[PDB]
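**Student:** So the chains spell out like this:
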Amino acid sequence: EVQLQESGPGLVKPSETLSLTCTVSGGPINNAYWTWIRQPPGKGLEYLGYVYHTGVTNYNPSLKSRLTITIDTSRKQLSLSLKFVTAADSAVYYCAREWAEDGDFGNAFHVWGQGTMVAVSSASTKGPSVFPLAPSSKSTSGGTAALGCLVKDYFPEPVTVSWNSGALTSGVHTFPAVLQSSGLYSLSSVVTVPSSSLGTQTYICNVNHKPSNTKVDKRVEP
Amino acid sequence: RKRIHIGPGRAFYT
Amino acid sequence: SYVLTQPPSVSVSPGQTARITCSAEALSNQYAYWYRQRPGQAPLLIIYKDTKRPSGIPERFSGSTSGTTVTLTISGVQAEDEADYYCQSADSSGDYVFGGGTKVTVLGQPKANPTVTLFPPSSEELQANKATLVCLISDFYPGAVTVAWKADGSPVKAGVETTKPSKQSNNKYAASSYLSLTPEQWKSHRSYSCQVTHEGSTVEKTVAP
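Residue numbers (the working numbering), protein chains in the order written: chain A, 1 to 222; chain B, 1 to 14; chain C, 1 to 209.
What the hints contain is simulated information worked out from the structure, not anything from laboratory work. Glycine included, every Cβ here is placed at the ideal spot set by N, Cα and C. Any given hint could turn out to be false.
Residues from chain A that keep clear of chain B, each with C-beta distances beyond 10 Å, as calculated [as the list claims (entries may be wrong)]:
1. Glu1
2. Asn60
3. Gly106
4. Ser122
5. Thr160
6. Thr169
7. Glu221
For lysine-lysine, the following BS3-like pairs were computed, each having C-alpha atoms within a straight-line distance of at most 30 Å [claimed, not checked]:
8. C:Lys49 x A:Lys43
9. C:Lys187 x A:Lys43
10. C:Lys52 x B:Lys2
11. A:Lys218 x C:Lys167
12. C:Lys52 x A:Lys210
13. A:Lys13 x C:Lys111
14. C:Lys187 x C:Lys157
15. C:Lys164 x A:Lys138
16. A:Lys64 x B:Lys2
Computed Cβ-Cβ distance ranges for the label pairs, DEER-style [stated by the list, open to error]:
17. A:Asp217 x C:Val160: 26 to 32 Å
18. C:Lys187 x A:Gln180: 19 to 25 Å
19. C:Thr5 x A:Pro14: 31 to 37 Å
20. A:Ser165 x C:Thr5: 44 to 50 Å
21. A:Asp217 x C:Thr17: 48 to 54 Å
22. C:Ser9 x B:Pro8: 35 to 41 Å
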């Protein structure tokens, strides 16, 4: 039942300090080494360190000098502080639980958060422009009607998309983003539906771009 | 049979 | 200090047994741990302390230890087992190390033809003095496609942005291609085409202003 949720700035400038938080829910704060692990795009996992509820820490020797991990037991939150970041620090940062108790799995990470993406760049944050992609049968080769939302020119990653506040999931496909030559990202989310079902349903794409503190709920009309 | 990193939160020594 | 060495790639046919090795001098007196990671997903613990399975992990996944080498064995391999597999260890001092990861590829998977969806610029985008054609490609295998844009039968090379294909959650691939135009360029042509070529065959969609 233990669940972990990471929160971060999305973007940090080179030489600055990266600050992250992990919130623990659905389980005790005791009997665990609360762990940070990271993964650069297309690369492998790298250990960062842990904090125990008493405040005791353990760090990857290669990163110890730049890294500080702290815990707030009352809030069931732990924090990461990584000083003097470079492009080598651009990665998805995971919070994970190492269970530490009689009957545990040893030095293993049995539950992980979904991770938070961190880009180390001089570029500024940019919220997306969201455009509706009006319903059309002639749009697709798939024998259905297709509608969607174009999410354009945002930075950094990621944007998440849901439809009708999560009430519409079948036929939803949110595509991986493209890195445009401008240095900005774009993606599309498409809903494929029977053409006869058009007009019986309201379609709104819920766009979330946490790095820019922007949300957009875009109505897609015929 | 093998040694783990114990850390502050284990009564690994009975 | 120590490094965990695992091969970057292992290929097997359906129904066969995949074997992934991880080796270090450190492993003689240290436990190993195995993780499976699917694209766009957090890792899943599959083996702990060399040989033990967590409750959700079936017997077809087995870990073994022999001196300075540990082995993850996956029997009855199917397409759903395609993922990155990581070995991991820790020493007494608290130096936790991951291997470089092993990509498992399942050979002999059947071809899947692409679905192509093309949207014209929205009226809202045109009012913002911009124009983007959106070509979305999904459910294809293997993961190699070519995208060609045309305006009234003439190739368009400038203003094209196209993704590398990536794995969907059904082991098929998805890709996207975007054509940027001025609203003036958009209205000046009778029709635009997104032509998607996959395994020698082409699926084309057209749009007209």
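**Student:** For each hint, tell me whether it holds in the structure or not.
**Tutor:** For each hint, the structure was consulted:
With a closest Cβ-Cβ approach of about 19 Å to chain B, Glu1 (chain A) is found to remain outside the 10 Å limit, as its non-interface label requires. Taking the minimum C-beta to C-beta distance to chain B, about 12 Å, the non-interface status of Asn60 (chain A) holds against the 10 Å cut. With a closest Cβ-Cβ approach of about 5 Å to chain B, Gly106 (chain A) is found to fall inside the 10 Å limit, against its non-interface label. No Cβ of chain B comes within 10 Å of the Cβ of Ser122 (chain A); the nearest lies about 38 Å off, and the non-interface call holds.
The non-interface label for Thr160 (chain A) is consistent with chain B: the shortest C-beta to C-beta separation is roughly 35 Å, beyond 10 Å. Even its closest Cβ contact with chain B, about 40 Å, leaves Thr169 (chain A) beyond 10 Å, as expected for a residue assigned away from the interface. Taking the minimum C-beta to C-beta distance to chain B, about 57 Å, the non-interface status of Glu221 (chain A) holds against the 10 Å cut. Only pairs whose Cα atoms come within 30 Å are accepted, and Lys49 (chain C) paired with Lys43 (chain A) is accepted, the gap being roughly 25 Å.
About 44 Å separates the Cα atoms of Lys187 (chain C) and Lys43 (chain A), which puts this hinted pair outside 30 Å; it is violated. Our distance criterion of 30 Å between C-alpha atoms is met by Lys52 (chain C) and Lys2 (chain B), whose separation comes to about 14 Å. The hinted pair formed by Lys218 (chain A) and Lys167 (chain C) meets the criterion: a straight-line CA distance of about 27 Å does not exceed 30 Å. Distance restraint check for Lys52 (chain C) and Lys210 (chain A): the Cα-Cα separation of roughly 39 Å exceeds the 30 Å cut-off, and the hinted pair is therefore not satisfied.
Proposed proximity of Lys13 (chain A) and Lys111 (chain C) is contradicted: the alpha carbons are some 44 Å apart, above 30 Å. With a C-alpha separation of about 18 Å, the suggested pairing of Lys187 (chain C) with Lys157 (chain C) holds against the 30 Å cut-off. For a cut-off of 30 Å, the pair hint linking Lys164 (chain C) to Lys138 (chain A) stands: about 26 Å separates their Cα positions. At roughly 26 Å between alpha-carbon atoms, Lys64 (chain A) and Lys2 (chain B) fall within 30 Å of each other, so this suggested pair holds.
Here the CB-CB span from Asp217 (chain A) to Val160 (chain C) is close to 30 Å, well matched to the stated 26 to 32 Å. A hinted range of 19 to 25 Å for the beta carbons of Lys187 (chain C) and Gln180 (chain A) is consistent with their spacing of about 23 Å. The given range of 31 to 37 Å is respected by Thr5 (chain C) and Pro14 (chain A), whose C-beta atoms sit roughly 32 Å from each other. Judged by the Cβ atoms, the range 44 to 50 Å given for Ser165 (chain A) and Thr5 (chain C) holds: they are separated by roughly 48 Å.
Here the CB-CB span from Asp217 (chain A) to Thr17 (chain C) is close to 50 Å, well matched to the stated 48 to 54 Å. Between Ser9 (chain C) and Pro8 (chain B) the C-beta distance comes to about 39 Å, which sits within the given range of 35 to 41 Å.
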